[PDB]
Each structure stands twice: as C-alpha cells, then as structure tokens.
Amino acid sequence: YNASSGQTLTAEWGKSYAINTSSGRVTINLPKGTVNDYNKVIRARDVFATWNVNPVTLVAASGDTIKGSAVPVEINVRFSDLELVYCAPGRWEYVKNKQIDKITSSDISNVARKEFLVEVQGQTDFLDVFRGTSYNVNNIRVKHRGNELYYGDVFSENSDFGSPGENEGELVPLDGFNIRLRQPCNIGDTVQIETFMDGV
Amino acid sequence: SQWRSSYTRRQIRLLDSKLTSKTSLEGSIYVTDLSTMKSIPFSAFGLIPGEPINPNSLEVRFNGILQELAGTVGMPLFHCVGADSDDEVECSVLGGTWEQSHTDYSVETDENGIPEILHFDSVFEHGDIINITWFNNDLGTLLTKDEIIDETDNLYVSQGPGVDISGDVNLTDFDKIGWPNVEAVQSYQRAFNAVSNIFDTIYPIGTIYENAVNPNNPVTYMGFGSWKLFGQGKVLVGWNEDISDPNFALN
Amino acid sequence: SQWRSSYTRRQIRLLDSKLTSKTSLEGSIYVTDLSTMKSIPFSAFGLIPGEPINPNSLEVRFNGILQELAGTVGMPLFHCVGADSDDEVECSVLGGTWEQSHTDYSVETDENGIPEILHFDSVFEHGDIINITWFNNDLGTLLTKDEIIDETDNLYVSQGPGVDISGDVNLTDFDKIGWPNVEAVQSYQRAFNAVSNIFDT
Amino acid sequence: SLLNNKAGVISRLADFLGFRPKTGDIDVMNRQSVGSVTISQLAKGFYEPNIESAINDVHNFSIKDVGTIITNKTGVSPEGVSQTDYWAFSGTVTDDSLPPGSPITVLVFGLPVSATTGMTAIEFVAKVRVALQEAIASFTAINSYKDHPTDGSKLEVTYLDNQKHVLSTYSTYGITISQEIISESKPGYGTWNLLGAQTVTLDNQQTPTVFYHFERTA
Amino acid sequence: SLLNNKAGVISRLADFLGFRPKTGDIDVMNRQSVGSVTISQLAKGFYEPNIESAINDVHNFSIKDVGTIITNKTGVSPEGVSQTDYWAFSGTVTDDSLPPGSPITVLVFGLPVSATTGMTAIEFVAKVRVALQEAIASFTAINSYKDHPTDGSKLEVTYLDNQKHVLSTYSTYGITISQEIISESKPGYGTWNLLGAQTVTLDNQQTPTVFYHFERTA
Amino acid sequence: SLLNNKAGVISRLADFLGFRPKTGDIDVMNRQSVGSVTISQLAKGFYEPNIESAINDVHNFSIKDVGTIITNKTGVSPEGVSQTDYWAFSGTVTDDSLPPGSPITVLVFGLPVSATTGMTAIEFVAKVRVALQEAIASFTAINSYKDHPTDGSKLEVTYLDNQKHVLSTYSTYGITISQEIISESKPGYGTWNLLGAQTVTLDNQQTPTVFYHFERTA
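Protein chains in written order, with the entry's author numbering: chain Y, 52 to 251; chain Z, 252 to 502; chain a, 252 to 452; chain b, 2 to 219; chain d, 2 to 219; chain c, 2 to 219.
All clues given are correct.
Derived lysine-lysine pairs resembling PhoX-like cross-links, with alpha carbons at most 25 Å apart:
1. Z:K269 <-> Z:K289
2. a:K289 <-> c:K7
3. d:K7 <-> Z:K289
4. Z:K485 <-> a:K427
5. d:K147 <-> a:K269
6. a:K396 <-> Z:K396
7. c:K74 <-> b:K74
8. c:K74 <-> d:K74
Chain b regions said to be covered by chain d (calculated; three or more residues, Cβ under 8 Å):
9. 6-12
10. 60-67
11. 142-151
Worth flagging that the hints you see were computed from the coordinates, not collected in a lab.
The C-beta atom is built at its ideal place from N, Cα and C for all residues, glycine as well.
With the hints as constraints, model all of the structure from the sequences given.
Rendered as structure tokens:
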C-alpha cells in the first residue's frame, strides 16, 4: 500500500500488506462486525521501515476491540510485522513487540514503588494506593523495612493487613485503591508499599 | 517499566568556526563550519537515556520559526527537486549534476532509536538556535459544570418554558358529570417536573379520550388519570357559543 | 523504547490558480484562487475521519508563523472590525459599504460536534503552507452529585416514577380491527427514556 | 521551500535585511555593488549585502555636491516640493463604550487626537489641532497644518518630505477622517539656485536656445 | 539576541519594514533623513523610519524635472533601455503523474504555461506564447515577447523595466527552460531629447569641445 | 491585525520582500512603477512588487551614462569619496573564562580579531591588522587600513563605499574599540573627468560665469 494513494486504507482479510507511510500517514481500518468468522488474520508490515518516521495508524472500527480501550494503536517500531486474527471473544490479537531481525518478545508488567514515611503514629491505613487508579491485589507489597506478611489467598488474623478502612477489625477483602493495616506501626518506621500493576 | 520523560525538550546554539573558538557544550554550545557540515549528530543536544520522542510527531524548528524539518519528508516531497545546481526536476542531470536527495531539504531523521543523527540541509546565520520540542504523555482539557449542563442537553428533554393555566376546570361532582357542576381553576404555573405534569396538560380534566378496542380504564394502559366512561349511546357534537343553536348551544 | 506521544500535526501546501498543474490532493496539494475562496475546507488537509482539534485546544499555523487564528475568536474581538471596507467604529457603515465580519481575522471553525469545517480569512503569497494541532481530547469529566442532583429538577423535567401498565391491549387483526380480534396484555412498567415511551402512554 | 525561506529574516532592521547585490556593480566608488555589506552591520554582526547600504549608495549617487549647476531650458529650480493636503473631518465624536464627553484618543492618519465623546467634527478638529502640533513638534511626516479657512472640520496639512502621500478616507467614532490633497509634491533635494539665463545657439541651429543654470545652494 | 532580533518584522510591507535612517540626513527638502517615517505609514500605524520612504526619497532625488538639460560629449539620450532576452526551450512536455496529453501548467521564469504532456518544446512554446501574452497583458516584468525566427523552441523576450535580468536555466517536465540574454538594459528614466550639439572651446584649451544637451521630454 | 500583518514576509531576500509600488509611476522606461515585480523574482516565484527592483530602478535612474558632462561653477569632480576613519583601541586583552595568553577572537566593528588574553591594545592591534587584511582581502566594507603613525593602539581605516559610516565605541575583553572618523565620504559614483573651464556670460548679465564640464570616464 503506497503512502501516496490515501493517508488511510481499509479492510481485506486474507490479503497481506507492505506498508509505505513515507509520503504520509497510513490510517488502517479493518473490517468490522465480523459475525462469528474469527479465524481471519490480516497482514501489515514494513518491508522497508517507514514505521518510526511516519508510523502506522491502526484503526479498529468501534465494536470488538483489538485490545483494551480500542483507541487507534500506533507503531514506532522501525521494522515491524503485524499478525492479527479476529479472536472469538470479539477480539483482534496483536503480536506484542516484533519485527524482522529482532525478538522483543512478550510483555513487561509494571512495578512502581512509593515509600510511606510513617508519622503521627495512627496510620493504620493508606488511601488510593498509588494516586492514580488502583493497586493490584494478587502480589501484596508493603514493608516496615521488615517486608510485611502476605495479604494472602485467605485473609487471616495471621496475614497482617488491614485492607481499606474497615469499621472494626479489618476488612477481609483487599481493595486496590485504599489499603489498611492492623498496625499503628510507628513514626519513622516506614510503611513501604509497592505494586505489581498491569498498566502504568 | 520506564516512565521516561513526559515532554522535556532540546535546543542548540552553535556559532561557526573560530567565532566560537570553543567546542560544543552539552546542548548549550555547538561549533562547526556551518556550510561544511549539513545536519547534526545529536549528542549535540542534551542526551539522557530515555529514548526521547515519538519520532512521528517531532517539533524541529530553527530561528523562532515553526518549520517541518525531521526526516526530509515533506508533503511536497521533491527529493528529485532537492536538486542542487538548480536542475529543476526529472532526476536527470542537466546543467550541473543533479542527484537524488536522499536528504531532501531540512532534516532527515535516521535509523533505529530516534534519528541517531537528524540529517539536515539548509543554510543558517552563524549564530544558531534550533527549537527541538519532543513531547511525551498527553494533554487533557478541563471545564467546570458546563459539561454536566451542556452535555445532557441533547440527552434529556428539557422542561422548556413554564405555562400558567388560566382555563382549567374541575368537576364539583364526579357522579353526575358536567355543568352545573364545574369549577374553573385559578392561575398557577405548570413547570413540568415529571411525566404526570406532561400528562395533565395533554389530558386536562374533562378531556374525552377514546381507545378503540380497549375496554379497560385508560389509567390501566396509560398509567395516569381518573377516567370515566362517557357518551354511551351518545354522539359527540360541537357545542355552540351561538345561543341560536337550539340543541347544541344551550345546555 | 519510546513512550511516544499522543497528538497529531497536519499541514497543507496550496498553490494558486493554473500555476499548480495539480489538483488539491489529500493534505498534500491544494489548488484554488486564493483570491476567490477565503478559508479552506479540510479534506484538503491530513484527516483521520474524526476528532479535529479537541475543542478546548487549537493551534493552526501558516508560513512558519505562530499566531492565534483559531475559530475567528479573538481577545481583540473586533467581529465588527473584521470590517471589509475598513470603517473603524460603531459597525455602522460609512463610505464604501462596511460589513460586520461573519469571519473576523483568520481561522474560523464552524461545525458542532467537532468542527468538520474551518473558515479562514487572509491573503497570502502564491504558495501557502499550513500547520495544524490535534490534541488528545479524551479525558476530563467531573463534579460528583449534590450540584448535579440539584441540576435536574428546575430544568430538564424528570422521568418521575415509572408506571406499570395492566390495561394494555394489542391488535391481533390489523385489517378488520378489534373484537373478536384483540389480545389482553400482561402488566408492565413504563419508564420513560424517550418520547416514544411517552407517546405510546 | 517556504520553510527555510520563512526562516529568513531574524532581526528586521534593514541593516540586517539582506539584499541580493547587483551582479558586477561598481557604481560605488568604482568598487562594490550597491547594498554591499558595510562596517555598520559588520559591527552589528550582519555579514550579508543588505537593504541599508543599498539605500545610501543610490542616495549618495543621486545627491550632487553643493554648487553643482543644473541646467534646463524650463527654469524650475531642482528643489523638491512637499505635498500639502486637506484633512476633511465630519460627524460628532462618538464612543458607545464610554459616557458622552468621554476623553478618548483618535488616530488621524496615524496621529492620535485626544477628544471627548460628543464633539462634532469642529470640536474634534479643535483637538486635531493639538495633535498636529505634536506631529509638527515631533516632526513626523507633517511639515505643518493650517485650519481650513471656511471650514473648521477641515485642516490644511503640509508634509515634511517631498514625497507623494495618498491616504484613505475612514470614519472613526462618528468622525469621518479624509485627506484632500491640495498641492502635489515635486521631485528635488537640497536648496538650489538659478544662476540666470544662458541663450545658446546650437552648432548648426539658426535658433538660439536659452538655458537656466541651477547651482546647488544646499 | 536573535530572539528580540527575530521578534523583528511583524507586518512585512516595506512601509512597515524599518530603516535605520541616515544620521544627519537633510537631503529631503533640506529637512529629514531618507526613509524617515511618513504620514502614509503613520496612518498605517507604523511609527518608525522605514524602507518605503527611503526608496521614494532617493527616487524623488534621482528624477530631474521635465525639461532638464542633460549635457554630454557622447550624445546617448539619458533614456533608459529595457533588457531583451531569448528564452530557450527544449524537450517534450512530460508528466508521469498524468497520462500523455495531460494539460498541466508550467512556470516559465515564473510565468505559468498551460501545456499538455507530450508537447515538444515547440508545442510547449506554442503554449508559452499564451502565457507571455498574459505576462504582457498583466504587464508583469515582460514588456514583450517574440517568437525566435529560426527556432520555435526559443522566444525573443522583452522586459518592462530598464533593469538587468539574469535567470537560471532549468528543465521542468522534460522541458528545459533557459534564458538567453540578447540586449543589455541601459540606465535612464523618462523620455529625453537631444537639443543638439554645442561646440565649446574651454577657457585655456586650444580645442573646441562638443556637448549634447538632453532635455527631458518625460 | 498584526496577525496577518506578522504573517508577512516569509522568504526575506528583498527580491521577495514586497513593496507598495508608486501609484502612476512611469519612471521606468516610461513603463512601470519603481520596484515592480521582475522576471528575476518571477523565476523565484515572487509575484509582487518588491524592494529589489525598487533599488535597481532608482539606481539605474541615478547613473548617467559614460561620457556624460556634469557642469558646475565649483569644479569638484562628481566622483564619490570613501570615508576614512581611525579605530582607537585601548586596554589589555582579557578573557576570564580562559587562562592568560588564551587565543580568542574579537569582533572589531564586526571584524573578527584573533588575539590571546594578556595582549595590550597594541598587541591586540597587531592582531587587528591580521583581520583588517581579511576585511580588505574579503573586501567587506573596508577599503584599506593603516597603522596609526604615532599610536599602535589606533588604526587608520578606509571603507570601500562612498557612504557615511558611524560606529559605536565599545570595550571588549579589556579592549576598548572605538572609531574615530577622519575623512567624510562625498557623494558620487563612477569615474569622472573635468573637461575644463567654460566662462559664460549669461544673457543679460554683465558678468561672465565660469563652468566646469565633468565627463564621465566610468
């Protein structure tokens, strides 16, 4: 597909595509509504890499997402090749990070750290976890610099975790946003909390 | 995960040859013969080990002027009119030697992470300033209370203008219907808060409704209103305000 | 790796009249008499089928020059002083016939949901170049309850309570209507989302 | 190409505004092209042929030294003539963003005129007189003004230079401001003097021709 | 400093392009510097000495009034001479973005020429003739053109002004467009007339010298 | 309005810098206004009247053809005169960003001068001599320089053009750089020759008046 013809393109299931974005943008729009067909890969790539420079513009049309929030994805990756099938849970698979010559492969989860220096005593809970969005419960991270015990598959008296703002005792379920702790800890005894989170 | 940069930016100032007499410094000072070397390698700008930019959306400017440089792409293209020695088009050398501009005018970005060297050709005045603005994250916009007010606009149906009701009447007896037993209703506003409000204006008391097949009280299929069967074995005929109508004027 | 960025730049280069040889193409070529048509429509620019200029933000630039053309809104206002025929004040016309400016200086953008069209007024040299700014629109939405819960009643009516309908009937026969051909209907609530709900009620 | 074209100017200041010099131009001291880069702009850093030098060169070219004889048969002194004009004013000063009698400034052909709302053209002109004084006092483009003899709403105007000045009629604040050109400006420079008449019979003419020798007095 | 330097120009329009005036320049009416700010640009708001006024001043300086006698021993009328040139064209019109015989416009030395792909230089020139008519009809830089007598692919060209015009050979759409300068332009202005010859014996010369008195007829 | 005003210039290059042409200006070949758009800038795409053409027009106007007789009673040849100046230098070269004896470049009235820290004005001038050679060698604004006879810290300077050059005293790197104007430049162009003296008794004068006929030799 020339970068010269349109700045967009659309829709052939079993037809495979070298992509020129040099002359300008390429905005790809794949077929939609797709019934139960799935089973259908489409192919876009860089024979020559005009990705980077002027990249892809990948547009799924509404409906079934490719992945996540369905907003149009863009690929800086210089070389690239795009294997995407319509996947029966109304989905378009995308091979993560890939090109010729290069194994970029799989995916990188996201750990960030935020230390809580404890003051004032009290401080048996911490709210919103990382300010934006939520904590990811499955891997509990909190430290007194002693690294605190599991929240666990079964919340226990053994597991020392408050979990958000429970009225009395402490809440059996864990919530991402707000956490609580059974301990007042101490000022200067630092509650050091991290997540293993999906998206940043 | 790296959270990288979230914008930042770069700008370079070079002066030529001995006029500096000093070598390049960070992204602050650069030095060269300007006519000798087109483009830039950038370690010339300040470098920090995030891979800085979306190479696609790249603000590359010089003087104080916004100008489209990076890649030696342009919507006019004209690599064949890169064409030094003013051989105008067609890529065939005429007059002086034409050659394909691999680097067309302005900047030609390069290979893998970012341009490794942005490859530029144009003349400058020996003191240079080059505006390199490389964004990350995004830009949201924020408005107060006008969304919730302006956005529902097409959503809802508004109350619109409120109406006073000067004409309404009521039955002072609901067994025997009609005059002499009728009572007009004093002025008050209808601002339509719910459907029933709408319902009363469309079916004010004394409204004659007829469903064809439904024997049921209208409030059954409607949901509103106190309804009485009416005019059985009786035709409805326009009552006249001209008393001369012997039947249909006087009651 | 690169975080990249969320944004788009757009441009046109137009050449006037005959001199082009080349019709308006994508956001690549545009041809016209600059004299004749003020502004431009954009399909003549780079377009994704949607989302021009998240309405809280615009930068449209021409030449290499950087100025607020946007929307033909301006802090000077001068919607009067747009003023072809150059009468200065009062918008009352004197001498040559004066115009309250439909489009005051430079870029106007009409359209509602987004501005599918832009308008513009300026005179340029034969060759023109344009520069265009589309921010990521997506996010900001706000405010919680106590105010918006007060926002509803004084203004937009309400759905009010929903009503069960036990007296509905449906036509079994649509040529010769009704009895014997009728069907009693089971009870159902009517919550009014649209006027059709109302209309049928 | 407009990019590096628009790149262009930087510093304005026609010293710094470039000029493609005339190819093979010796007319300066039999030396260099008109508009060639000068030690003025070198000191200012600008290394290119420029608009500044181009003006002074031809300027220095078109200026004959004091005492030079200009000779014609006609007899008009070479000395330039300034343009003299009327500025016709009409209406009453009107500002609807201020109450009546609101002092405002009005630019008359670019001359600010302080006037209060409600002034007719005459009272407006009364204020215009104040500005024209400054235009004379600042000596900006206006040699002198004079009140229109039979009209208070007009003013006789004289310009400093010998150039031609044509301006556009406009109406501000309910005051129409128009320029009525009275006298054309005439080309010339400096102060010149007719020496007198020389009658000359050309070589094979029968008819003696008269000349008028104009010395430069300034 | 390039910042506030680049700040500079704003409005273009050499009216509005500033000029550092000549220091102590009376040459205008024995009054003001060349390029001093004029009532024209005041009316336009521009308050600074400018390029506009600088051109008209020296212009008004270098223009001698009608009837002025120019005298030389040589005898060439002061009247300027326009430059006359050939425009040499070659090749066949070629557009690979369009089918053969595709009407396109070709800028010949900045003159648009409507031509269809496949036209040789001659057919191209046939179209060039159309444009040159407009260049004459619009009276833009081109006084007249004439077909090259022995060549259809060349055109004899005449320019409006008396200036010198040198252009660069280029080849567009398989059409090489080159300018062949025929006649040099000569300095001068207006219409002038030789009165005749005056033979003059200078004061202590033995040899009578002849002069040629050129009156300005326009 | 500054928006579309500032829109303005694009390409700089006074070819491409517009000019509002003189209204009703025939002075070019009795044809077009001064500064009218020329085939030069047409070829360059610029379709508007411009500053370039305006300079050459009046230039071509103020240049009398070779052999033209200029006549005066005074007797000064029309030939222009370049300005000659002193450049007074003082102090010791000082760079506190470098050790003593650190080679640096110093711009003298825009002329780079390579000098090492610690040089007094004289040693600085010793280097200034090197630059002035280039200023002569590049033939930029400087016709010639000469060492001040009694002062090493001054230099006699001559400029290429006949224009007037006035520069500002400044002190860089502990070196004060000032220009001392020696000789005024005089208006004129080309090379001219006095033919001799003509004594003329005007028509009804009693007194014979002498003239001086200046032929143009270049």
